[PDB]
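One chain is shown next in structure tokens, namely the form deposited without its partner chain.
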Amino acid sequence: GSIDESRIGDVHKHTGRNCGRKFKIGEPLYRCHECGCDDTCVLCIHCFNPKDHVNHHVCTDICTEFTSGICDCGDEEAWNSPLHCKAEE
């Protein structure tokens, strides 16, 4: 077999558990009007999968110092539809 060590690999994969990545200032936060339960359900850049949200109203935000957030990818009580983590691609 042959793997390339330079690749991002699987450092962002979180199969079976929630992502819970903490947003640092400047990073994008993704929210979907159709998929998210309340206006606090968010996805990180590594998780957000455009495929899941074709025809949906996606809202992007820049993370600030006042942003206290962790990624909700894989927490099934935060989403109306099952998501497909991008890190799995």
Contents of the next structure:
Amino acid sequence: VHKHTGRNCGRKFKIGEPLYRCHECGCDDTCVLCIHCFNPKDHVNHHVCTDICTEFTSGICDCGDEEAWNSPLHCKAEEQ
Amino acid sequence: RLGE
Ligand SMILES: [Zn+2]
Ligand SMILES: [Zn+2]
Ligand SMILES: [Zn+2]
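Next up, the form deposited with its partner chain bound. The previous block was the form deposited without its partner chain.
All chains and molecules follow, beginning with the one already shown.
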């Protein structure tokens, strides 16, 4: 359902929705992952922070956009 | 990305 094989996720966050950042994996502070995409197995000993999309905040999940990540990601939605 |  949340699978996006061959392309980026690009899910636009809604108010109150959680999002993920990894200090090690993100190219900068703005690189984020939705809950359907964030895979714990990609960030075992990494520094991960969960945030919440506010009224004052907007944008999209970067899962599958290689420009956003220092390391290749393994999308959670791909797992069976 | 997230911003704004
Ligand atoms: Zn996503
Ligand atoms: Zn994904
Ligand atoms: Zn990471």
